[PDB]
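**Q** This is what each chain is made of:
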Amino acid sequence: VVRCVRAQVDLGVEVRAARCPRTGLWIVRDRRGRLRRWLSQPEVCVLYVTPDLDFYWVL
Amino acid sequence: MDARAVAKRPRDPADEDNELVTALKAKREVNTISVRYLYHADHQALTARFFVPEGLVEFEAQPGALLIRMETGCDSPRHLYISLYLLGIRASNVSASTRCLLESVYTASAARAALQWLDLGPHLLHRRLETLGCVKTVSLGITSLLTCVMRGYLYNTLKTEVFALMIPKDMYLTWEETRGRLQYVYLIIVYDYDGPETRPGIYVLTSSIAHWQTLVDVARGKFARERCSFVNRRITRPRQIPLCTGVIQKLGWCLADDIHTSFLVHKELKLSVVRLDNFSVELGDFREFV
Amino acid sequence: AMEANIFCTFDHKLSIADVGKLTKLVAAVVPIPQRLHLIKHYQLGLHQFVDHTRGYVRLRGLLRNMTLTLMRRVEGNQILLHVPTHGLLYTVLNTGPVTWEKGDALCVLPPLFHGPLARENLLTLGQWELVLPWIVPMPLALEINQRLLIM
Amino acid sequence: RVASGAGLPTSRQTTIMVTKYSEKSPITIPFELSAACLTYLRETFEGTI
Numbered sequence: 477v478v479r480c481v482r483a484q485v486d487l488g489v490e491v492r493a494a495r496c497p498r499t500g501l502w503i504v505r506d507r508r509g510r511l512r513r514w515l516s517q518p519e520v521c522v523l524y525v526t527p528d529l530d531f532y533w534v535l
Numbered sequence: 001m002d003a004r005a006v007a008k009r010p011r012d013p014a015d016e017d018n019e020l021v022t023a024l025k026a027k028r029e030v031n032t033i034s035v036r037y038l039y040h041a042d043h044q045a046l047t048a049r050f051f052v053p054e055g056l057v058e059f060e061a062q063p064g065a066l067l068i069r070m071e072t073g074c075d076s077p078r079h080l081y082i083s084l085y086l087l088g089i090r091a092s093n094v095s096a097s098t099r100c101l102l103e104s105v106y107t108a109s110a111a112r113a114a115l116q117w118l119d120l121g122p123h124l125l126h127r128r129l130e131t132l133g134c135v136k137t138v139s140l141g142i143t144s145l146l147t148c149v150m151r152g153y154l155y156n157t158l159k160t161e162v163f164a165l166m167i168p169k170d171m172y173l174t175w176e177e178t179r180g181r182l183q184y185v186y187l188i189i190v191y192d193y194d195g196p197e198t199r200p201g202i203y204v205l206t207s208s209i210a211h212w213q214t215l216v217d218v219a220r221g222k223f224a225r226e227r228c229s230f231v232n233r234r235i236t237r238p239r240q241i242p243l244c245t246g247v248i249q250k251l252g253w254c255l256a257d258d259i260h261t262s263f264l265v266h267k268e269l270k271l272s273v274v275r276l277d278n279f280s281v282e283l284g285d286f287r288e289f290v
Numbered sequence: 003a004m005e006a007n008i009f010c011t012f013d014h015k016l017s018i019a020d021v022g023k024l025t026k027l028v029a030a031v032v033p034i035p036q037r038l039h040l041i042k043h044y045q046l047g048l049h050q051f052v053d054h055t056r057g058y059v060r061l062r063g064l065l066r067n068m069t070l071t072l073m074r075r076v077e078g079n080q081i082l083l084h085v086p087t088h089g090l091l092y093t094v095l096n097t098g099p100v101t102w103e104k105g106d107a108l109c110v111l112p113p114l115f116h117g118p119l120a121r122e123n124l125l126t127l128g129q130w131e132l133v134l135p136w137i138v139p140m141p142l143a144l145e146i147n148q149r150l151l152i153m
Numbered sequence: 099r100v101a102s103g104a105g106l107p108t109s110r111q112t113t114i115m116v117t118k119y120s121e122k123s124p125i126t127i128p129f130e131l132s133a134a135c136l137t138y139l140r141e142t143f144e145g146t147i
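Those sequence lines, one after another, are chains M, m, o and C. Going by the deposited numbering, the residue at position 57 of the first sequence is 533; the numbering climbs one at a time, nothing skipped. Going by the deposited numbering, the residue at position 19 of the second sequence is 19; the numbering climbs one at a time, nothing skipped. Going by the deposited numbering, the residue at position 36 of the third sequence is 38; the numbering climbs one at a time, nothing skipped. Going by the deposited numbering, the residue at position 25 of the fourth sequence is 123; the numbering climbs one at a time, nothing skipped.
Be a bit skeptical, because a hint or two may be false.
To be verified - Partial selection, computed: residues in chain m whose CB lies under 10 Å from chain M:
{"no.": "1", "residue": "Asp192"}
{"no.": "2", "residue": "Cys228"}
{"no.": "3", "residue": "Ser229"}
Stated by the list, open to error - Straight line, CA to CA, 20 Å or less: simulated EDC-like cross-link-like pairs of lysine to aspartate or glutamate:
{"no.": "4", "chain 1": "o", "residue 1": "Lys104", "chain 2": "m", "residue 2": "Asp285"}
{"no.": "5", "chain 1": "m", "residue 1": "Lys222", "chain 2": "m", "residue 2": "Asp257"}
{"no.": "6", "chain 1": "m", "residue 1": "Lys250", "chain 2": "o", "residue 2": "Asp13"}
{"no.": "7", "chain 1": "m", "residue 1": "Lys27", "chain 2": "C", "residue 2": "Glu141"}
{"no.": "8", "chain 1": "o", "residue 1": "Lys104", "chain 2": "m", "residue 2": "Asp75"}
Keep in mind that the hints were calculated from the coordinates and are not lab data. Beta carbons: idealized from backbone N, C-alpha and C, even for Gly.
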């Protein structure tokens with residue numbers, strides 16, 4: 477999780493991932509179960525990596 | 001015709017003897033058959049009797065459970081009499097832990113055949129299924145001979161004790177925080193028109209609403225996501241024919257105070273249920289709503 | 003101890019063969035335009051509504067509001083009819099062309115087979131021909147309605 | 099039992115109890131009566147022959 481307005485990146489993010497029933501898009505959540513809400517913040521950016529070593533980079 | 005006979009009081013049926021009693025008394029014989037009190041004479045609950053194979057009658061030995069006939073285009077075994085729990089196996093509404101629970105009891109050659117016949121054809125379930133009511137007595141033979149009721153209360157013979165209606169917790173559904181003095185119980189099969197699965201949701205609605213428009217308004221209000229999925233499948237997939245996103249029919253009416261949580265046991269397997277003690281069946285056809 | 007019934011009479015003469023034909027239809031459905039008590043035979047069934055120009059749809063529209071009844075017994079004096087009521091069971095003949103099964107939802111339909119036939123030769127008087135409506139399972143009735151509309 | 103000889107493992111005084119159950123097999127017969135004999139069993143009209 478790279479945060480540009482504070483110039484702080486993040487290295488270790490554990491995140492749960494799932495698919496929506498209505499559409500094939502992804503939904504990310506906390507390892508407790510809380511919905512991850514950083515995607516609304518425009519200044520931040522994120523990189524996701526999967527256990528089968530796929531790769532996403534989401535602005 | 002006479003004013004004595006017209007203003008005569010109506011005859012008590014329990015005071016007058018049977019036709020067989022006066023028939024034996026006229027010619028004045030005696031038979032070893034006791035005949036002076038016919039059983040089931042004061043039975044308003046019109047019942048029916050159904051043969052069904054052994055593979056479907058588990059979780060049915062306890063009295064009180066729904067019974068649904070299906071149609072199948074194969075000729076000889078064409079109509080299976082499926083219980084409600086085997087129907088709930090197929091449904092996407094039920095929790096997966098309880099699903100793996102009650103699938104583990106229904107391991108039979110007839111049950112899996114009914115499960116294949118459920119999802120094999122192109123028809124949806126509401127055009128395929130047809131209720132019969134609730135069951136009161138079992139036969140537990142090599143083939144089972146159940147006794148279901150069409151209309152009326154659920155009771156043992158001689159009316160010694162009333163029979164309750166059982167429903168699993170996941171199919172149970174209320175839409176109000178408090179209940180009225182009377183409440184009807186319905187059946188809801190709502191269709192998720194999703195791409196990967198078309199497995200429906202099975203529900204019962206213990207609601208105090210009798211009018212169909214004031215029922216279907218709350219039905220649309222609670223199931224707006226399903227109609228949105230319907231119209232999303234309408235706009236995304238052209239030249240498909242979706243219909244009846246939910247269906248609704250009347251099953252009966254309860255006392256609104258005996259509704260409580262109990263459990264069914266079949267082969268030491270607990271299955272928690274909502275139980276309705278003093279309940280009378282009242283069937284109706286499958287109305288629908290989109 | 004009698005029951006509330008409908009006493010229908012016949013103004014034509016009746017043969018013993020026609021009485022034996024009529025006693026085959028004991029548990030048969032008969033529509034009646036208004037539930038009177040002493041009705042003639044001219045309002046049993048649908049021969050009042052047989053028309054050359056009219057069709058199936060007006061027969062269905064009339065049959066939606068007809069008073070359906072059942073026969074009880076046939077006599078040389080008169081004929082007994084029984085009005086049913088909701089929430090009671092009755093024996094009913096399968097005069098329709100399709101066999102039934104248990105628990106099937108049934109409904110009443112106007113007869114597709116019309117006029118003179120080898121099956122419509124029931125109680126046929128001079129100006130009168132007793133016709134009976136069909137008792138069909140519900141999805142076949144829906145199929146017949148859809149197919150007749152699209153035809 | 100029976101008393102044993104020398105150097106042999108003898109018997110011990112034992113009892114045995116055993117139950118036995120009843121088995122039910124109900125039998126039934128249906129028989130029909132028409133509506134005609136029902137409406138003619140306790141009903142007379144005009145007193146005719």
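**Q** Each hint needs a verdict: does it hold in this structure or not?
**A** Going down the list of hints, with the structure as the test:
| no. | hint | in the structure |
| --- | --- | --- |
| 1 | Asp192 | 8 Å, holds |
| 2 | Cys228 | 8 Å, holds |
| 3 | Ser229 | 7 Å, holds |
| 4 | o/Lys104 x m/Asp285 | 15 Å, holds |
| 5 | m/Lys222 x m/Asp257 | 25 Å, violated |
| 6 | m/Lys250 x o/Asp13 | 46 Å, violated |
| 7 | m/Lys27 x C/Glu141 | 16 Å, holds |
| 8 | o/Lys104 x m/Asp75 | 15 Å, holds |
Consistency with the previously given hints fails for numbers 5, 6, ordered from lowest to highest.
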